[PDB]
Each structure stands twice: as structure tokens, then as C-alpha cells.
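> What follows is the residue order along each chain.
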Amino acid sequence: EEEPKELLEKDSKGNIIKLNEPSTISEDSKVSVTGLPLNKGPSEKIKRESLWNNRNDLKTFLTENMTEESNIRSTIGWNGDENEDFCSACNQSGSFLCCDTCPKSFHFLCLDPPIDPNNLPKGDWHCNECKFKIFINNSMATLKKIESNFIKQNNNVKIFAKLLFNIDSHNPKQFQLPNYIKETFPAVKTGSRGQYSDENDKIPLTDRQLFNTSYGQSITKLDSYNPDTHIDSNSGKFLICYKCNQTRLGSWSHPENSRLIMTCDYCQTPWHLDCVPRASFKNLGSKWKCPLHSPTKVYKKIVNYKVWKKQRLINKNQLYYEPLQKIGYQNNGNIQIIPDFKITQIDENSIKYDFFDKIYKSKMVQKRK
Amino acid sequence: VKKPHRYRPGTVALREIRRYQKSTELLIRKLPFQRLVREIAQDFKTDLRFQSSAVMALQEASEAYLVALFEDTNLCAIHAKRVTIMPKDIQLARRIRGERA
Amino acid sequence: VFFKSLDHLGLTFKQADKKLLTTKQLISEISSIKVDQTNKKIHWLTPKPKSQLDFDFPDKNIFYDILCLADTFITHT
Amino acid sequence: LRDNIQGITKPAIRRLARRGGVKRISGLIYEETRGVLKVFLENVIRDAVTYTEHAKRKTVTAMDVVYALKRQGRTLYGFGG
DNA sequence: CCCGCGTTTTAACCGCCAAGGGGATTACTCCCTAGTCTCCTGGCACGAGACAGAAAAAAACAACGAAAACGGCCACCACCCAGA
DNA sequence: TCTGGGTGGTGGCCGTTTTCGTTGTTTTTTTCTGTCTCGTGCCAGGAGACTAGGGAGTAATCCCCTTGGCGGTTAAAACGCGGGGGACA
Ligand SMILES: [Zn+2]
Ligand SMILES: [Zn+2]
Ligand SMILES: [Zn+2]
Ligand SMILES: [Zn+2]
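Note that the protein sequences, when read in sequence, are chains G, a, A and b. Numbering-wise, the first sequence is residues 78 to 130, 163 to 190, 258 to 478, 487 to 500, 502 to 524, 536 to 565 according to the entry's author numbering. The second sequence begins at 35 in the entry's author numbering and counts up one residue at a time. The third sequence begins at 923 in the entry's author numbering and counts up one residue at a time. The fourth sequence begins at 22 in the entry's author numbering and counts up one residue at a time.
Honestly, I wouldn't trust all of these hints.
Within a straight-line C-alpha distance of at most 20 angstroms, the following computed PhoX-like cross-link-like pairs (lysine-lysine) qualify [stated by the list, open to error]:
1. a:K64 / b:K31
2. G:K413 / A:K946
3. G:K493 / G:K473
4. G:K122 / a:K79
5. G:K378 / G:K298
Facing chain G, a subset of chain A residues (Cβ under 7 angstroms, in silico) [what the hints assert, rightly or not]:
6. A938
7. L943
8. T944
9. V957
10. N961
11. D976
It should be emphasised that the hints constitute simulated quantities derived from the structure, not laboratory data. Virtual Cβ for every residue (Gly too), placed ideally from N, Cα, C.
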């Protein structure tokens, strides 16, 4: 191995009269071409597989002599004016300041205080647990002599004494609701890394359903008449769209007459993509909802941007206290149609009368004006 | 209030032993083994073709060798006063056979 | 590979023909047009439709080509 | 062809063990068996491909496999030879 | 930790179609190998001689096994702090 | 002022370290002997030169079967729950 000579290789007094070009050898035969090295022609295999078994007209050099350096517009610069692979705090992946002592690992923005990646304390960093381990020596008598003293010095809040005490010995932890509150709402469900999901989120598709589907399958229900199976699978009947009131599939000899149809994720009502104006099947993200369902957020302007949300579904804690019906009985919006988060039970005729008198007494009020 | 009919652990294992010592059909699925054979051969020569008979011969030889190896492995496992075969048993069988160094 | 690359609806063809050119699909299309008419019978005029396909043959002299192809196949089978 | 050794599923190894008279199988046995099978196939197919190359053929014939096995001391009957 | 049983999912298996790479064979021709006579020089057998190594005796040292010392843990006593 | 709890010091017991002598083995210098290596001579196996024949190389043809792909059925593989019997300390 010849030494990496400094090319200039000055001879007498820095005259650099003699040079020594570096040996290339490498950066050559590099085999980084998307094929074989750039200085070599196509391989015999590629040849066999691939083969099939006027410079005077170049008006390119005449470009520098017709390109005019252009400087208009502002142009003044407008001068002026071993170690864990998941974060032990949030249980996710990323860059980590692995502890020299503890096997646990944290993000840089999950520690306490958060630490800037470029402004690390460097040297050796200990987690709260190992700091406490070395501060306590793991024996119980000294820990007692320390913690009882802490409690004594915190008599003003002795009621909270040990809660205050135990914080110091705990590493930072991402906040997550305990299960005894999420369970109150059966609809909700945690995600893969805490992506807190609801009933409105579509079940994720697998790689088999996206990356392996052949030409004409998956999101590819846009490339062929192949998915003519917009026929009701369970019954074998035709999925009829709610608006046009017909199913369009044309023929294999007239695929241009077919119209895409989709079934709502919530209530399996078929809709034409061209009837509910849409450009694609969902297949991803959230669950599609017809334009035929009742609103959840009812943003109202009377600005008076008063919000109305439908109470989240409660565990079967849920109450349905029966009305005596007729007008009044102002529920917020919650209803359970029947033949403290109390889902009111409005039956059928009450709605009729309530709408009837709403619109009529409003028209008489308009008369009042 | 009824309980299903769960066979005691080790019963269905013995039934399977009897069934598979009684029969002769190949136990490894054919397509996965063919794919494995081609993948292994890809490291010795590219664009190789295999006679179906060649793949079948390889499968028969491999299955016979594995069955004999498992017989020896079971013998070693029993020698250690065990009933379960463990990787150390296979290693000892191969070492005594002279296959593994 | 060039002209093949631009052959989207033709590379899947020859497999979609096998599926969609069959008895089941052929009755399915006609039955569906009939169902659409009967749905605009449930929700639109009841009596009117007396057909569901309108196959047209503007050009003669194609029948003879179909017959020639059939004859060739017959002679080959 | 990638990750085809896992094509020798756990139940297939279980069946092979049962034919071998094994009643109880440890969980770690499957990976060890896959490794052993890979070694055996590598040893056999090496010689089979050597025979194929010597014959100046692009196709590995069953007789090449039979010769390879006979060379290794595992004579196989029923495929010629 | 592994067997057993049960839903649930995957892909193996079958069968059927289309394509052509390459196995297998045939015919032609020549270049390579067998065969043979004559020539000789490399390899073998025999003899010899001497130094590499076996042996050996003695010393050095390098693994095996007891009581004292040091350190750690447990128990008891003394002192200090906290509670009654 | 008395009793209980905790800390500090002292004593006792256990574990570890060292500390020592004892055999056993390794190393070192001297001796000497017999097998390894070299030389000599002969001969027979290898080389050289030449002829003859056919085994195999090479081109051309063809017809098998190996590859690829595609769809339908469903058998098998996977994943999970649960318990108990086997590993193992
Ligand atoms: Zn984090
Ligand atoms: Zn730490
Ligand atoms: Zn809907
Ligand atoms: Zn529509």
C-alpha cells in the first residue's frame, strides 16, 4: 500500500514542478451503476437476454453564444429587513441517548428536561433509576433514613408525602389513560404505538392486499372491468345505489357503461362513486360514511360557533330513562329510537309532532315579524 | 357443564407417530421444498433447470436423512432421561455420526 | 418490451375474457339491465321496457369472416 | 428466491420427527432442523451441480442427484442407477 | 414450555394452457491417443557416515493442598433519636 | 423518665485471599547410537519419433419436458388460549 501521498509533491521550494496523481483503481470497478462497473460494457448474460437474437447537425454547441446573462427584477439582493431499541418512556423507535449504566433507552425529547441532540451533556449520562440506585446504595436502612426525613421536611403536604417522594426514583413516562377510563367507552381502542383509534377508523390493510395484488386488484379497482363483482356477495343480488336506484355494470364488451359502486362501511348501503361525488375507493385511512347518516359534530353559527357533539358510547353504566313523550322534553341530541349521559328514548310519533309544531310555530313567528 | 374431549398430552403425539410410521408419502410439502432446492442451487450455478425426478429424488433423500437423524436424536434424548428432543440432542447425534466436527 | 408496457388492458385480457366471457357473466349483465328497469319500475314508470340489449350489425361481410374463422378452427380440431 | 428455508414449516418438521418416533419436540428444534437440512441440501446439490456441469448440461437430472447421494454414502433406490 | 383443540388465513395442489430451452440423437471429420522400436537417464537398491534425537540425571518450576490474615456478613452491646 | 427504633462500635462466624510445602513435570546439558540422507552403479521404465484408427468435437435437427402462469378448492399452516406434564434445579 503506497502511502496516500499529498499530490502536490513539492520538489525544491514549493514549486510543485512535479506531481503525483492518486491511483484510481477504486471508484472504478465500483460496481455501482445499477448494473456492473461504469467502465465495463454490458455483461454476456445481459447481452444474451437482451439482444434480439450526423454530428454536423447538432445545434448544441451554439448555445453559449446566444444565451444572454439575464439580470432584471429585484436583483439588488433585496438588501434590508446491549441497549434497548425502543424508548422506555413512550415505547417507540428513534434516536436514543442510551445509558452507559442502565439498559433502558430514551428519546432525546422524552427525557426530563428534554435534551437537545446537538447540545448533549456528553460524557456519561445516568437514568433516574441508576442515579437513585447510586444515591441509595440499595440498602433499606439508609433509604429509610432518607425518605422518612423527606416526609418530615414535607409535613405541610404530608398527605401527599410519599407521592412526592417517589417521583425522584422514576424515569420519565409518556402519559396514557389507565384502562379503567377507556373501558367506559367500548368504541375506542388504542393503536399500534398509541394511535388512539375509534370505530370510525378503517381496519388497516396488509402488505398482501396492497403490494402483492396483481394487475387489476386492490386500489386497482380502477384499471379494469375485472371487478364486475359489485353484486351482493351474500345474496348474489345486485348492489343497488341509493340515488340512481340501479346497478351499472355494462358488459365485458362495453366496460365503459359500468359505473363504480361502493358500500358504506357503517351501514352497508351501496352508493355510486358518481352519485356521492368521489374520485376513488377509500380502501385506507378512515371508514367511509354515507351522506345518509346523522351528524356527530353539528357546528352552529347564530359568531356563536356553539359546538354539539354526540356523547360517546358508554358501557352497558349506560341509562335509558323512559319519557312521558309529547312536546318539550328537550334532549341535547342523543336519542334511542324505540317502537348524566342518559340516552333519551324518543319513539316515533313524538318526532312527527315535534317537527310539525317546530315548523308551524316558526312560520307563525315569521308572521309575527 | 360438559367439558370437551381433550386427549391427555402425549396421546395424539403417539397416534401421529403410529400414523406416520405406517405410511410412506412425503411429509414435506413439495412446492416449498422445490423452491428451497432451487434457491440453494442458485449459489452454485445460475439459470439451472431441474428434472422433476431430480427434485423428487432430493426430497426423498432429505426426508430419509431427517427421519434417521430424528431417530438418533430421540435415542439421545431418551439417553439423557428426557422425553423431549432438544437441539443439543441433534448436535450430539450429528457429532457422534461424524457429520458435525 | 415497449409496446407491451403500453398494453394495460390487453395484458390482463386473455384472462379476463376467460372469466367475464362465460354463461354466468353473460346472464348477469342482461339480468342487471332488467333489474335496473324494474327498479325504475319500483321508483319510476312501471310499464314500458320491452328489451334490454340492442346488439346492432351495421356491416355485413363480417359474418363471413366469423364463419371463415369457425371453419378454420373446425378443420384444425 | 428468498427466505425459502422457512418453507419447511413447523408442522412438516413435526411430521418428520413423528416418523422418527419422537413424542415431544422442543421449540428450538425447528430452527436447528432447518439448519441441518440446509447443510445436507448444500452438500448434495453441490455435487449434483458438479455432475451436471461436467456433462455440459443446464438441467440437473435425477441421475446426477443419485450419483451425488451415492458419492456421499447415501445410495438411493428408485430413481435409476 | 409444549401439546391439544379451534377458528382463520394462506398457499399448496391440481389441472390446464402456451412457449421454447435444451436434452438427445445423427452425421462428418480430425485430432488425439494407442501402439511400437530405439534410446537413455531417472529412479531404485545397496552402502555408509554422521548428527538429530532418544535418554538420562539433575535443577527449576509449576501445578496441588493446610493456618493465618483480611474482608464481609450476622449478632450483641452501647449511644443517639423518637415516641409514650 | 422509660420503652422502642435506628445508628455506630465491638465481637463472632463465614468466605476469600494468601501462604506454605510437596510432588510431578519441564528444562538443560552431556552422551551416543542408529536411521536419514547422500553417493554409486545398473537397469528398466519414460521419452522420442512415427503410424493408424476411431473417440470425441462440432454442427444441425427435433421433439420432450422444464418453465411460467392462471384460476378454483380446500387441506394445511398459523395464531391463540389453556392447562398439565415434563425439565430442571
Ligand atoms: Zn420516547
Ligand atoms: Zn441508566
Ligand atoms: Zn352508511
Ligand atoms: Zn348511484
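> Against each hint, give a clear statement of whether it holds in the structure.
Hint-by-hint comparison with the structure:
1. a:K64 / b:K31: 15 angstroms, holds
2. G:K413 / A:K946: 13 angstroms, holds
3. G:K493 / G:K473: 5 angstroms, holds
4. G:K122 / a:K79: 13 angstroms, holds
5. G:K378 / G:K298: Roughly 45 angstroms between the alpha carbons, so the hint for G:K378 and G:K298 is violated.
6. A938: Check passed: Cβ of A:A938 comes within 5 angstroms of chain G, closer than 7 angstroms.
7. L943: Since chain G brings a Cβ to about 6 angstroms from A:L943, closer than 7 angstroms, the hint holds.
8. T944: 9 angstroms, violated
9. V957: Holds, about 5 angstroms.
10. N961: The hint holds - A:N961 has a Cβ within 7 angstroms of chain G, the shortest such distance being about 5 angstroms.
11. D976: Since the shortest Cβ distance to chain G is 11 angstroms, the answer is violated.
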